[PDB]
Every structure is written in C-alpha cells, then in structure tokens.
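Participant: Take a look at the letters that make up each chain.
Protein chains: 2
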Amino acid sequence: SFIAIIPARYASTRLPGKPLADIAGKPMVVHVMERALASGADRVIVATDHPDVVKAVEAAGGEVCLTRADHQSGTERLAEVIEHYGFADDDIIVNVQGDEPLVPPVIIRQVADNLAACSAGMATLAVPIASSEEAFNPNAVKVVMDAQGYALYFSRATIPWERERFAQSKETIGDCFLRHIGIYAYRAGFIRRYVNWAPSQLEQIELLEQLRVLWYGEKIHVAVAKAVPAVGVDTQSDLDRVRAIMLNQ
Amino acid sequence: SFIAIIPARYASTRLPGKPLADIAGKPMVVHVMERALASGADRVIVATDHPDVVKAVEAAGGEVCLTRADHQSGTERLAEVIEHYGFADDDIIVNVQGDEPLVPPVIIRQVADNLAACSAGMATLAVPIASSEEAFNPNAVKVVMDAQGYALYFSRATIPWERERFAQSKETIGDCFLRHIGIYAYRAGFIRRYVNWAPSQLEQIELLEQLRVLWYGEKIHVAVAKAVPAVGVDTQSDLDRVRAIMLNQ
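Residue numbers (PDB author numbering), protein chains in the order written: chain A, 2 to 250; chain A', 2 to 250. A prime marks a further copy of an entry chain.
These are calculated hints, taken from the structure and not from any lab test.
Please note: incorrect hints may appear among the correct ones.
List time: in silico BS3-like cross-link candidates among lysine-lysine, alpha-carbon distance up to 27 Å [claimed, not checked]:
hint: 1; chain 1: A'; residue 1: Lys171; chain 2: A; residue 2: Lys171
hint: 2; chain 1: A'; residue 1: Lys27; chain 2: A'; residue 2: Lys56
hint: 3; chain 1: A; residue 1: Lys220; chain 2: A'; residue 2: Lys56
hint: 4; chain 1: A; residue 1: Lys27; chain 2: A; residue 2: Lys56
Hey, can you work out the whole structure from these sequences and the hints?
Facilitator: This is the structure in structure tokens:
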C-alpha cells in the first residue's frame with residue numbers, strides 16, 4: 002500500500018497556470034493524477050497553491066490539498082501534506098511531479114515497492130546515460146550505487162570515472178553511467194525526522210539536496226527505472242511535444 | 002593497542018633493493034620501523050620478500066616476516082602476515098608503507114585510534130588539496146565523507162563538484178577537497194572476511210580497490226591527517242630529498 006502526492010505549483014513565468022494547461026482535452030495535472038491512480042496508489046492527492054487547481058482536481062473526482070505556505074522546499078511541502086492528512090510514520094508516500102503528464106505508472110509503483118522492500122527511509126530511481134555529452138554535463142546528476150542498490154554518492158562530476166578510457170579520450174563512454182531522476186518514495190516518518198535537519202555544507206557545494214540525506218548518515222535506495230520517463234513540461238515546446246504523443250503524432 | 006605492519010618489497014626497476022637504500026646511515030625500511038615504533042605500536046613487523054631485508058631488520062632488532070607468495074595485492078599480503086602470526090579478529094593492524102621513511106608517527110597512531118573508536122572494520126586518512134591542478138588531476142584520489150567521517154565515495158573525478166564556482170571558472174577551488182592518502186588501519190577480522198570477496202566492476206572503472214569495500218556495503222572511516230605526510234620514495238630524486246630532510250639540508 003502507498004500514497005501518491007502530486008505537487009502542482011500554479012506559478013510559472015513561461016507557462017502561467019501550468020497545472021491547468023490543456024493537453025488533449027484534460028489539464029496537465031489530471032494526466033499525472035490518472036497515471037498515479039493507474040500505478041496502484043491507494044490514495045492520490047494533488048498538493049497545489051491555487052484555488053483553480055483545487056476546482057479542476059475536485060471536478061475530475063480527485064483529492065486535493067491547498068497548501069498554505071510558499072514552501073522553501075519540496076520535502077517541506079510534503080511534510081505539510083502528511084501532517085494535514087495525519088499519515089502514520091510507516092505510510093509510504095511517492096512524490097510524483099505535477100508537470101510530468103507522461104510519467105509511466107510502472108515507475109511510480111517501482112519506487113514505492115523498492116522503498117517497502119529496502120532498509121532505507123527513502124528511495125529513488127535512475128536511468129542510463131548513453132552520451133558522453135550528458136556524462137560530462139554537470140546539469141545531469143550522476144549516481145553510483147553499491148551492490149544492494151543504496152547510493153554511495155550523487156554528483157555533478159562524472160562518476161564513476163572511467164580511468165583507463167578517459168586517459169585516451171573523453172569523446173566516448175562505457176555503459177556504467179546513471180542519471181538520477183527526481184521521483185522519490187519516502188516513509189512518512191523519514192519526512193518528519195528529515196525536516197528538522199540543518200542544511201549541510203556538502204549539499205551547497207554540489208547544489209544537490211539529496212546529499213543532505215547521505216551527509217547525515219541515512220541511506221537512499223536507487224534502482225534503474227523500469228521505463229524511461231519522458232521529459233516533463235517547462236516550455237510551450239515541451240507542452241506541444243506531450244500533446245503530440247497524446248494524439249499519436 | 003595496535004600492530005604496525007610494514008610491507009617492504011625488494012624489487013624496483015628505478016631503485017633496486019629499495020628497502021635497503023641507505024638514508025643518512027640507516028636503510029630506508031629501518032626509518033619506517035622507528036617511526037612505527039614511535040607511534041606507540043605494540044608490535045612492529047616488516048613483511049618483506051627478500052632475505053637481505055630479513056637480515057637488516059633483525060640486526061636493527063626488529064620483527065620481520067618473509068612472505069612466500071608474489072602477492073596479487075597488499076590486502077592479501079596482510080592476510081598472510083595475520084595468519085602467520087595468528088592475530089585475533091579484534092586486533093587492529095596498521096599498514097605502514099615501507100617506502101615512506103618520513104611517515105609522521107602521529108598519523109600511524111591516528112588511523113589506529115580512529116579505527117578503534119568507529120563502527121567500521123577499516124579506517125584511513127586524507128589531506129587537503131590546495132590547487133585546482135590537483136583537484137582536477139585524476140591521479141589524485143578525491144574523497145567525500147559524511148558527518149561521522151565515513152566515506153561516501155572515493156573518485157578520480159573532481160568531487161565534491163563546486164557547481165556555482167566551476168560554472169564560471171575551473172582555475173580556482175574552494176577549501177572542500179580532500180586527497181586520500183594510502184595509510185589504512187583494519188581489524189584483522191575485516192581482512193579475513195575481505196579476502197574472499199570477488200573484485201567489483203566499480204573498482205575496475207575507477208581503478209580504486211577501496212571501492213570494493215563500499216560496493217559490498219561496508220564502511221571506511223576517514224579523517225584529515227594530523228600531519229601532512231611527506232611524499233614517499235620511488236626515484237633517486239625522492240631519495241635525495243629525504244636524505245636532505247634528515248641532514249637538515
């Protein structure tokens with residue numbers, strides 16, 4: 002059993018009222034909601050900062066939480082939702098981004114199941130990196146895992162460093178690189194404990210909040226995604242791409 | 002209480018009979034031996050593959066073990082010494098390289114004490130990296146630690162990646178980089194268990210055997226060295242540098 006929480010922030014400079022942008026007859030947030038439901042979530046709750054999103058989700062028959070603070074962080078927004086609904090520490094919560102209307106249901110379920118099976122309080126996913134341009138791009142977050150799937154480290158550096166190979170040429174890469182994708186499952190109790198922790202220096206160097214968890218000695222389980230998720234929606238161009246997939250164009 | 006083991010390999014293409022190279026009236030290996038003793042080690046044992054080294058250490062009044070295999074690895078050589086002397090699982094063994102005649106006693110002791118205080122089966126040390134040339138040099142092994150000092154990861158990549166800073170310029174670095182130095186303390190029981198483990202793919206990418214430990218889910222405690230150890234001795238030039246320090250030149 003698990004719960005899907007979908008953050009749906011209304012404000013965007015390039016896509017105003019982003020969550021309610023029509024994609025093939027439904028607002029973008031409602032697509033993510035149908036996919037969270039298709040994943041087998043016991044509950045699916047949209048967390049939004051805007052009354053029009055509330056109206057749209059309720060009309061599609063969904064649960065929705067109007068958040069009351071301009072939340073400094075996504076984990077803090079999740080903490081508010083968890084306290085609002087009064088979830089137990091042992092409930093598993095999957096954070097499914099409201100701007101990923103083509104999220105594959107299989108991965109929402111995967112990260113929840115992985116969380117339940119593992120010893121960590123948090124789980125996430127990664128996908129293969131095929132090009133050296135991405136491997137060497139610091140915008141792409143690389144991750145390295147141990148044998149049980151727990152993260153050793155996340156970095157904007159090119160890890161794991163292919164020593165022999167990169168001594169000759171950095172134009173090609175082997176099959177060892179993983180890009181972290183930002184879907185997460187947490188125990189509600191992990192979230193309650195996490196929000197008290199002070200920000201770390203490490204995380205401010207890399208600009209990767211995930212490192213806060215590792216700094217404080219906790220684990221993050223990572224697995225290769227069972228479906229490579231389509232890129233989400235920041236630009237009008239992204240929106241058209243998604244609409245095209247939806248209309249088999 | 003702890004034991005210092007000093008590997009003293011005789012064969013070198015640039016410095017034949019390296020361990021017995023005279024430095025200010027004593028063979029190089031005997032200097033490392035005096036420093037291991039000054040660190041407070043309960044026993045100091047040289048492990049060598051050559052009968053002349055045996056003779057030299059015994060004449061300086063030291064314990065010495067003639068190893069019988071052309072050991073594929075330093076941890077395997079240590080395993081032989083441990084079984085030869087029959088150390089208990091709980092004994093702490095510090096591996097002090099026989100070609101570091103200026104090793105500071107304080108660090109030999111530091112790594113042993115850190116091992117005893119920590120929850121890991123293995124401990125090591127690191128020192129600050131001051132120059133971007135080293136930070137970006139893949140011959141320099143970088144390490145990142147968590148709040149309790151346990152290693153998250155060792156890499157030849159430049160970690161932790163200074164995201165904002167390196168987006169403008171990679172000519173300068175902040176104060177966050179640590180170079181791993183190759184002095185190690187182990188529980189004898191950790192060594193017995195470690196030698197059965199198959200080599201990992203991860204370690205072969207980075208060419209860093211330390212990653213084998215992290216891959217298999219074990220910890221390595223790391224601390225900033227209490228004295229920055231002088232570079233060891235591979236070349237005649239290195240040998241002259243050490244001799245000069247010894248003669249206050």
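Participant: Now, for every hint given, state plainly whether the structure supports it.
Facilitator: The hints, checked one at a time:
1. A':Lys171 - A:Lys171: 18 Å, holds
2. A':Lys27 - A':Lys56: 13 Å, holds
3. A:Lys220 - A':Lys56: Judged against 27 Å, a Cα distance of about 51 Å means the pair is violated.
4. A:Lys27 - A:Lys56: 13 Å, holds
Hint check: a violation occurs at hint 3 only; the rest are consistent with the structure.
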